[PDB]
Amino acid sequence: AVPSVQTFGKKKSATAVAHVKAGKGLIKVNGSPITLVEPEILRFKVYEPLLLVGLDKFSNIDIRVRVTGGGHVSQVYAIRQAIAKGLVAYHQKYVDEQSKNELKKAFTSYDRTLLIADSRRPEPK
Amino acid sequence: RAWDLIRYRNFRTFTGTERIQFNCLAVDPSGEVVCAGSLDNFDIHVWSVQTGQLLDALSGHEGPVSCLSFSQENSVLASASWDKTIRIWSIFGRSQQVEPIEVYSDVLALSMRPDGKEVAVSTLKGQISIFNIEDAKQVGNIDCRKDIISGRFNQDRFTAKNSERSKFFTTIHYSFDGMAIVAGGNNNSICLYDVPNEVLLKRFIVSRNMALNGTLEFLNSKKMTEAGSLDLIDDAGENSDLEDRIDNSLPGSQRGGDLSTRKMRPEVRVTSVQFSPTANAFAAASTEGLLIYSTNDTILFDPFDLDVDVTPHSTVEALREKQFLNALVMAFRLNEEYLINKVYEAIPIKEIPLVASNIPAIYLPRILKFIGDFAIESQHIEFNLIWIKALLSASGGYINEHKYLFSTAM
Amino acid sequence: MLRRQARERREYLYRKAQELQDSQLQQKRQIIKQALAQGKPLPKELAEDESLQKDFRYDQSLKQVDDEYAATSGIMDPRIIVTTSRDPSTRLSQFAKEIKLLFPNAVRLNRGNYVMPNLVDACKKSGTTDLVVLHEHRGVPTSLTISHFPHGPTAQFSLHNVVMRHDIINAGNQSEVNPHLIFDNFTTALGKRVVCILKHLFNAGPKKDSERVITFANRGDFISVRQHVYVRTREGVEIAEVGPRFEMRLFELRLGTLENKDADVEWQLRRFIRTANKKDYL
Amino acid sequence: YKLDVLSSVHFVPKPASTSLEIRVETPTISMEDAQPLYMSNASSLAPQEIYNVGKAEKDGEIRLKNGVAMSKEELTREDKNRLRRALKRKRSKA
Amino acid sequence: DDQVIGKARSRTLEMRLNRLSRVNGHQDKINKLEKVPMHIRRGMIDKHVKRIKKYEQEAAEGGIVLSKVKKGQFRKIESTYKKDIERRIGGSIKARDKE
Amino acid sequence: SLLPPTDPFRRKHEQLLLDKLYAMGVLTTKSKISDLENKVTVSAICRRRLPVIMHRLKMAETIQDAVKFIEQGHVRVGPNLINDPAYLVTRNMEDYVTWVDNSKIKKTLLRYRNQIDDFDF
RNA sequence: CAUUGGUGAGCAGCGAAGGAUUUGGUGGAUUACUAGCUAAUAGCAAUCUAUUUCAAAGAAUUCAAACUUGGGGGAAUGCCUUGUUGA
RNA sequence: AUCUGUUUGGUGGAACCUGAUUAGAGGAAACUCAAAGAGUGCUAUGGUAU
RNA sequence: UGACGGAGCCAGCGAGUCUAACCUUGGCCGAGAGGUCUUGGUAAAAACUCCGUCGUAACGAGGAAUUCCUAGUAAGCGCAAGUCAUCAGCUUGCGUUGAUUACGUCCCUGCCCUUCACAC
Ligand SMILES: [Mg+2]
Ligand SMILES: [Mg+2]
Ligand SMILES: [Mg+2]
Ligand SMILES: [Mg+2]
Ligand SMILES: [Mg+2]
Ligand SMILES: [Mg+2]
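Protein chains in written order, with the authors' numbering: chain LC, 3 to 127; chain LO, 412 to 821; chain SM, 1 to 63, 72 to 290; chain NA, 446 to 539; chain NE, 199 to 297; chain LZ, 62 to 182.
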């Protein structure tokens, strides 16, 4: 069986399911490449993981992201969270754990939201 | 319960309204507030030391509280739970505030930076995560699952490698300098990590006894038969005396009773670990007792900033030529105790205040450490007190600016 | 917790079921006790029941506020959150503040996009004892629901003749002392249940000379609510209204939090029964 | 004991109760275990516990907790009233 | 009632309940002798009769006056109260009473 | 029982004994004192063993299958793994009985509902 | 259009007198290596036993001896304790 | 027929209720090893022993 | 911080064989009741992103005074349901976009409370 890992990203009602499998850097969102993700203005947000850890690592994997729910902004945040978590999970399972540590450190250095859900749970005062 | 060591009187006792068992406690630096946590109430109780009244119950955790700690400087309270969360309570002040930070998995232990600026937490996943209190953002992470050595118990039916019994650290503590973490768990290893570079400085084996259950990863194949492990066979009846044959064991007990009750071999496990406030040593409580590891012996040659011209012969010549300041400095660069001790005792009293004001600041921590370890058991008390009077008067301002470097020495 | 709350409720429901089954046995023991003291013979069924007589020797040694409140009755002061429905009008926001001043230990919380399961769960984490939600119609309060945590009850009320304090000129500020409580003309078993719910929103142990009194007067199922400040004169008592005035009529009471629309109904107002007009339940 | 050990000592604590304990003055060293070392040499009772300034033995005198003693003869009339009022409030609180 | 402790409290409570029940409870159900095999009970009855005969004969030869007993019933000597023999042998032999 | 009924000491200790046994889960009700003899049985203790409680919590199909998972090191109580199938679980600790994080069983549960996230594992 | 579903038919690429999966048996390790037997200050190891017996030592009124029992009520006949009768 | 939608048979077996059972329920092999039950066959024949 | 048009695209609640006009013009069949057809009038996801065009009597963002409000809060947007009380001149839910400023002080204005060690 081809190596594959699965991850979820969530933001408000938006939920994104990412499958990361051995491949050739074929990355798609809802059956289309990333470059067509909308709104255009926030597209680089979805690019945040790709650019941080370098495109070289993605050159050996294919990522399929399927996203449902929420609005535009929450959809984008779900996408980026799903991509980051999937990349780290695959690097853990089928690559050295040293690269796993490097990936986690880079991501948590930039913005921890890529890895931990951002749940603004109510707090009474 | 609060104890006074001067008169050994239990000068006060606190108890919850709901009759709740307590597993973790923390004490304010001012010694005026005491907070305890429970594995049954999901809240942190608070009491005022002077009055004994239950000041308030802090709520907000959706799981049992596992560890607490106060910040020695900022006086905030950090509490962690099995809720996969950590909460920072600013109990003191006109306004109470709570700042939760989420974590990947269950939190078991917690350690507070002496500066009070960061907190480390050991998770069930086998991670030591360091967070910055004021910013509430992660600053580091250290993997620990691979380092932890865990053994196969005799009763177990699954390998130690596949075992998930104890691949996490149930206790951690900082070094007072703040650059090192010593960790221990329900396992056969005490690991010492270095915070700034997130690397394993050294690992220690707690025990090597086969009377304890968890010492060995791989157990001898010969011990089985078609029945099973030989050692699981109870041979108490072979004991000649009656008291050895009698079994008082309760079937399901795990802890909290005498050795006879549990019926199973003790398991190697480190409940707590701490660094010595005054010496470069740490103590780890285990089943066999408090194993105290120390660096006192110091047979290692750990020179600092040598050159070809520095040599044990040369420093003796610098002493004979009455170049004390050089002689003392070259003593530190070699960093040999017997050589330091000689140069320390040969400096005449008239020359101590001049030497002290001219010791390079970089070596100031070393001399203060040396005076401390030497003075406790040495006989030259007035000689030492003359030195310390000289050093503190000369370099008191520097010591003040960098407290957490000179804390253990001071 | 979520596992904790679920199992606690399950045991409590199981306790009720057994207690209803135990009700017959309790009376059987009461008869045996009376027979021993008086010397009167026992009824036939109890006479031939050997198991009960053996049990009686142990159960000879046996001996108020409602069960949800019994644990904390008079120990822990209630914590109250007063909120409103989504996008409140200004008047409801003003009235919600008045209710907050009514209960000494109340806090006002804004409901902008808070989801009800999130609202109740958030309050349960923080140890909130009671949650109050107010509705409105064209800036006129209409409904009030009181939901006791962690497991109910949820009591729903409808407001009539609502007169807020902002409708007064130069009224001044309120007194927030722990006020005395007056509950008048609550007779039926349901009436006690409502007194039990309304009583525990307040802090226990007002000072004997406390100068604020809150009265809930039942008059044909319409609980008049008034707040007065009094001065003991040499020849009687003189009182002044602080407000607000309003009339509450219960129309639901459920064994659960207000979130649970499936919670059992302890009592409901039947308006289309033929004999509705005749009897007053409270 | 059997039940607590059986439940792995995750029992529920007993309800609180209040009891009286008597403490004998003794050198602190005695209370320690037997070794060639002592940690503290103070007494087992605090200085208040040995003696606390209380009532005036002579009815005429007035004695306060701060140690100030007063005979009723010296006191001017206003002081007597002031002290009597002070007594009234102290008794009322108790 | 508040002072009595020990077996006296247990035995006394049982006797009271029997004394209250017997009007309304059917005779067969209310008093059931505990099951004991044949050869034991006949031994217990035989001896309990033997002590009663000795207790009666000793009183008769002396002047002692004894409380009256119905013809069928066994006289209730001190041994009956201590040894709790009544539950086992019963007050009287029912089969002879029926005949 | 033999102590007099209105005795305050008899009041206190029987209440204490029920509360402890009820908390341990041996007794399901704390109302009647008579339960101490009628309703205290070995099975009342056995039902609180970890194999039985998982079966009631539906974590296994049968008590035999619940045992096999304990000896296989799948079951945890709190953060402590347990291989003893005689561990008595108080009422309170029934709530923390859960699978081990990396357990293949949790992988099947989450895979069956298509809710598996490999980051957590 | 997608299968990270199954079953097959073929390439590219890897590629020294073949490759891949599963399995039975034995051996060495899994604690830190001072030799076997016996009647053991030495014999034997092919055993003697046709000297292997004698002598010496060795016996608590402890003449005590279930620390070993699921709870409740009893115990005819047993058994324990105590007293008694007659030898 | 981008008609209609009831019926017969097959597939599947939510909730409630009822009954039975419970170290879950089954299956296959035999010149295998055991512990039992029933039936049947056999001059199965010393009334007092060549 | 517009209008018109086109294009792209994102939610969550909600499932009772139950869900929904009025007033007319005439033809035919029918004993009647009525049935059918014909006929005119009246009523009855959004934000967002991209592209193209135009172009900047009363009233033009609301005085004095007064009220409310601290994070998924204020504010903007639509979509559902109408749950024995209240509501359609509307009420209640649901998701979407989502900030600024404070989180200190008892200075003013109100309300309230007070007068078992070591050390003080
Ligand atoms: Mg404030
Ligand atoms: Mg709004
Ligand atoms: Mg709106
Ligand atoms: Mg509204
Ligand atoms: Mg093999
Ligand atoms: Mg017995």
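The reader is advised that the hints may include incorrect statements.
[Stated by the list, open to error] Chain LZ side only, calculated, beta carbon under 10 Å to chain LC, not exhaustive:
no.	residue
1	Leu82
2	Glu132
3	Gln133
4	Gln176
5	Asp178
6	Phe180
7	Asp181
8	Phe182
[Claimed, not checked] No farther apart than 25 Å at their CA atoms in a straight line, the calculated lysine-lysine pairs in the DSS-like style are these:
no.	chain 1	residue 1	chain 2	residue 2
9	NE	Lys230	NE	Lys252
10	LC	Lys95	LO	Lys674
11	NA	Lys447	SM	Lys216
12	LO	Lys674	LZ	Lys129
13	LZ	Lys93	SM	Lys44
14	NE	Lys205	SM	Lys54
15	NE	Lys245	SM	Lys33
16	SM	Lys16	LZ	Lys81
17	NE	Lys266	NE	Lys233
18	LZ	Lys168	LO	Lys536
19	LZ	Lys91	SM	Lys54
20	SM	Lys16	LZ	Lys129
21	LO	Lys557	LC	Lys47
22	LZ	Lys129	NE	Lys205
Hint data in this document are derived by calculation from the structure and do not stem from the laboratory.
Beta carbons: idealized from backbone N, C-alpha and C, even for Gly.
Check your understanding: Between LZ/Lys91 and SM/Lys54, is the straight-line Cα distance small enough, at 25 Å or below?
Key -> 19 Å, holds
Check your understanding: Would the pair NE/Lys266 and NE/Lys233 pass a check requiring their Cα atoms to be no farther apart than 25 Å?
Key -> Violated: NE/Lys266 and NE/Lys233 sit about 30 Å apart, past 25 Å.
Check your understanding: Within 25 Å, alpha carbon to alpha carbon, are NA/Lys447 and SM/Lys216?
Key -> Violated, at about 50 Å.
Check your understanding: Between NE/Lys205 and SM/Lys54, is the straight-line Cα distance small enough, at 25 Å or below?
Key -> Holds - the C-alpha atoms of SM/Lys54 and NE/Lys205 are around 14 Å apart, at most 25 Å.
**Study point:** LZ/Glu132 as chain LC interface residue, shortest Cβ-Cβ below 10 Å
**Key:** 28 Å, violated
Check your understanding: Are the Cα positions of LZ/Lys168 and LO/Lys536 separated by 25 Å at most?
Key -> Distance of about 16 Å is within 25 Å: holds.
Check your understanding: Holds or violated: are the alpha carbons of LO/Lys674 and LZ/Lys129 at most 25 Å from each other?
Key -> 21 Å, holds
Review point. Taken at face value, is the distance from the CA of NE/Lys205 to the CA of LZ/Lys129 at most 25 Å?
Key: The hint is violated at about 50 Å.
Review point. Is it true that the CA of LC/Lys95 sits at most 25 Å from the CA of LO/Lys674?
Key: 40 Å, violated
Review point. Was the hint right that LZ/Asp181 lines chain LC, CB cutoff 10 Å?
Key: 9 Å, holds
Exercise for review: Decide if the proposed pair is consistent with the structure: NE/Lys230 and NE/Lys252, CA atoms, cutoff 25 Å inclusive.
Suggested key: The hint is violated at about 28 Å.
Exercise for review: Hold the hint about LZ/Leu82 up to the distance rule: shortest CB distance to chain LC must be less than 10 Å.
Suggested key: Violated: closest Cβ of chain LC sits about 38 Å from LZ/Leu82, beyond 10 Å.
In summary, the numbered hints that this structure violates are 1, 2, 3, 9, 10, 11, 15, 17, 20, 21, 22.
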